[PDB]
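Just one chain follows, in the form deposited in one PDB entry, and it is written as structure tokens.
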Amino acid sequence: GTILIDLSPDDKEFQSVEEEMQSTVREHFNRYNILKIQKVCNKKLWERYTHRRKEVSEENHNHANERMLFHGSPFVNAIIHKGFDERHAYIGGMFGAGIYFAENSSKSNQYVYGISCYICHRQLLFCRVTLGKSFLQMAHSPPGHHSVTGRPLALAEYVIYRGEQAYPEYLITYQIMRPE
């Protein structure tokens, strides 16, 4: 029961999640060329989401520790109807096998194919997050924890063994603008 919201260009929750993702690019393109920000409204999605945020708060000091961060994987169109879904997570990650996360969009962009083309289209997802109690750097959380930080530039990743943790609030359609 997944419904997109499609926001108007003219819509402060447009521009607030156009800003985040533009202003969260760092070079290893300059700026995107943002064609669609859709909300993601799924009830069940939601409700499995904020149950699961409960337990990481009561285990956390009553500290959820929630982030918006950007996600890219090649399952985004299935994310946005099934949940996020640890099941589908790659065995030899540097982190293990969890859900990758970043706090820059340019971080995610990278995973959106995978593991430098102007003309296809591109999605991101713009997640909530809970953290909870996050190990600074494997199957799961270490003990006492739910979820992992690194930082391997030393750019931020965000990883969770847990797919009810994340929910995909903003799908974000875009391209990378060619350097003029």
Contents of the next structure:
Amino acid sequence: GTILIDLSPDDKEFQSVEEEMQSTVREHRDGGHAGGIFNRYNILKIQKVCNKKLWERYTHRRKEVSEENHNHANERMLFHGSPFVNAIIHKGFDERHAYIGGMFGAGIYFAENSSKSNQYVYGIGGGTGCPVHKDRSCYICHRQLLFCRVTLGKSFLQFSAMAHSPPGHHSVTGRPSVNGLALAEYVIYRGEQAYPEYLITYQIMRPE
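Alongside the form deposited in one PDB entry that was just displayed, please also present the structure of the form deposited in another entry.
Chain alone follows, minus partners and molecules.
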């Protein structure tokens, strides 16, 4: 049931998604090991992901969360990197998309920094890099991220350097507590609390 609609680069919606992608790049404490060395991306395509059933599954869960949290879904737009983006956009998020060993427990993880989600496009720690060159810093191969609508509801705040969310909460917020430049990361424990709204195809760019 999924169809993908291409956005034109002249569309303000393409432009606002591209800007969130580019402006949330940061340096990583691994010096680029997982995700590659880059300061910006070459955006190749942005497609809107349209699936009525997945959308309705999302909004149904959003209303439940909202009603458990003084009518506040606490909805964000966040990045997700995964080897399974193609399954996600067709079938939705479920437990096979979870990071069992994540620092905040077995759930599905999202980032404010696009460059953080980039480190997972080829797997945990960037795996063995791109399929074609086995290069975690490949500048040639096309990568994809999702820019997702995520319901956080009442989020458990963890300060720091599938399971259940903590009792009385709908998600966990991993607040960065050492690296002053890192943005927050978030975990949900129900696939129905995220909708994969944009599929972004891109290359990382070699710095000049």
